[PDB]
Amino acid sequence: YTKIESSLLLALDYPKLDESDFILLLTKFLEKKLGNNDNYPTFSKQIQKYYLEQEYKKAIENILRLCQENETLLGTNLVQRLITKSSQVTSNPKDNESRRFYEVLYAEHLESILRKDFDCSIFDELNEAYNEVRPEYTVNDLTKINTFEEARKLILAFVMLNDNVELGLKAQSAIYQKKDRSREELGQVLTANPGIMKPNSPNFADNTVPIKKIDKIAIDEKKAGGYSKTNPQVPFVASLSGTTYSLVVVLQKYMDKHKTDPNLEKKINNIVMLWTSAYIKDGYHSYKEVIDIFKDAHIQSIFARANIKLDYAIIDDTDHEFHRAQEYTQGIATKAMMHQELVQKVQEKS
Amino acid sequence: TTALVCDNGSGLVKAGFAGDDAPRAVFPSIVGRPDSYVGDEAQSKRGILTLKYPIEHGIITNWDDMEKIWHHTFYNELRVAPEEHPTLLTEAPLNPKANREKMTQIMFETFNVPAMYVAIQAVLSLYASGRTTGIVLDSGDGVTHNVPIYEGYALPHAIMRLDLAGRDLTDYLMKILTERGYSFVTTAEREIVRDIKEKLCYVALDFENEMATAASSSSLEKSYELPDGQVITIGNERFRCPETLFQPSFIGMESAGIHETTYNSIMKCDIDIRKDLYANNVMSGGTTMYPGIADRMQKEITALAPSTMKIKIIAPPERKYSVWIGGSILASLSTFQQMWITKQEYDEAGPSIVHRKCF
Ligand SMILES: Nc1ncnc2c1ncn2[C@@H]1O[C@H](COP(=O)(O)OP(=O)(O)OP(=O)(O)O)[C@@H](O)[C@H]1O
Ligand SMILES: Nc1ncnc2c1ncn2[C@@H]1O[C@H](COP(=O)(O)O)[C@@H](O)[C@H]1O
Ligand SMILES: [Ca+2]
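If you read the sequences in order, they're chains A and B.
Here the first sequence is numbered in the authors' numbering, starting from 3 and rising by one per residue.
The second sequence maps to residues 7 to 40, 53 to 377 in the authors' numbering.
Check before you lean on any hint, since a few could be wrong.
Facing chain A, from chain B, some residues (calculated, C-beta under 7 Å) [to be verified]:
(1) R64
(2) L67
(3) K115
(4) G170
(5) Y171
(6) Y242
(7) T353
(8) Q356
(9) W358
(10) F377
Think of the hints as simulated: they come from the structure by calculation, not from any bench.
Built from N, CA and C at the ideal position, the CB exists for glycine as well.
Isolated chain A (complex conformation):
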């Protein structure tokens, strides 16, 4: 084994390695080994797209297929070890550190895309639709939206609609009954980590945020068929996003008010992208909770009846966040392995 192969094999020995961890590590190794191939960039793009959509089974299958196709350059023993490790990884909703890091970075990238060529007309019209949706007891001081800050403020102020206007959508929903969030009020905890990254998780020195209090949310383990239990690849920051039903109501008013808009689908996708970026970056929800609200059968029917094709904020250029998450994965795995070795060394020393 060379130095790179030995480093990869040691990182794969990380006891808390999950499917995202494995995908990132093996993609980094395959880029460093077979990256010179002409067809590799297509494979890397497909793997990154699978990872963004949390299609971890498909990503792992594609990675294993590539490894078997290059079993001579890599090594039969190494490929066999990778195959064995592929079936040994799982996902913990409470502990997906690489996924939380990647989702924070991808929310930041979504925000960067949003700020470039920002169209304020879309969110002015969304504010108008919000004014014709919200009840009389909810105030709205956003008379006009001219900047990305005001649009994000309106997105975040959509939370005053909860339990009033989206109740019908939640009742019609078949997956919201599987939402598993503890009713217990655990208070707030301090953090220096951005977005949905856990407070105690390691972070890059340039990635920390000013210390702030965030709500402590637990999983309802007593729930039967809970969303977190059913979908463990999704990092549990909260349960299914109920405020996104309020967003869907506001978007219904938006679409019925702009049925003749030629770029209606693009505007709705822009709004959904801003919603996802704001909710991941503020630590309210992970990507798949919001997106699975958008993927509900009756919500999908609502969006299909308006001739709207949602892209679910999926972008085709996630190379930077993917590689940074790979570096974060390598750091965490190597640090844990070294911690094992250091604990053993000091224990044997004394």
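Position chain B with the ligands relative to chain A; hints supplied.
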């Protein structure tokens, strides 16, 4: 390939080789300028030179004198070529990221090290005790730090800094000894006062009881031999000087004692890791070398913490060099050889790689 471990403190730079159990070169972190002199040479020529401290409160503020300190460490103290040794450096908790970037840039472009790593001093102190989770009180010479560490990561949201360390205790001891009629106003007098602080001062379990005993009896009075043949007696100052750690108001500081800052750090952490922090309280630094400081910390934290909580204070005898000991343990590990930021990685990524590799 021998790794250099260099712990740069505010008052003492401790440098040596990985695998050794003691810093081969412990010298004052001072730079004398009239060409410059670094370390014991600048201290000896105190009158002729102007002394400057490149590190204050554990943070490097003057990078030129820091470069001089590192050059003296590599060539004039360790007598090794920096280009053939991976140099593991140490940094203060909550160190600015620009400082880490400048550190790696100076290591790679000025000294041409083949590899380097930067680690938090408190994390290395915890490593020296064989722990990855626990709260470390690292009181050196310029600053005191309460650093809770979870699985090798120092939690930025719960670390606190108390501007109270050995320098303040030495100044307070000078003030009290002046209150007794002993004139200590010069730099040599400062050094001999620091010697008395190291040799005689201790932490009292009960400060009021110790003060009452000193007022009543004379059992706590100890004799010390001054450099100029004089013999001076020190009484209640043996525990009054270190008590400023637990009662900063002795020097007019509005902050809280080290026990209270420790409790505040533990409270700033999640309730699920508070038990681990309470059970792993690691003392580190020269200012933690006072006799009885561990017992006093245990008593005060037991008073502050919930009654059912288990509190263990870890104060190894070598806790003065625990940062360097942990660094030497780290840099001599087989799994650590891949964490070295190599010259190729620095060239392809720039200094910012320190945030991605040293975290
Ligand atoms: N046995 C001792 N008893 C009391 N104080 C001591 C003892 N030994 C050293 N000190 C004091 O501890 C300080 C040195 O501690 P240390 O070397 O850990 O600090 P440093 O690394 O220079 O500082 P920093 O806090 O910035 O990391 C000096 O002020 C010294 O006088
Ligand atoms: N716009 C917002 N402002 C403040 N908190 C929010 C917002 N949206 C969601 N949250 C919080 O996110 C968590 C999940 O809410 P929901 O998305 O309605 O399931 C709850 O703790 C909410 O209070
Ligand atoms: Ca120190």
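Requested in this report: Return the numbers of the hints above that this structure violates; sort them in rising order.
Outcome: 1, 2, 6, 9
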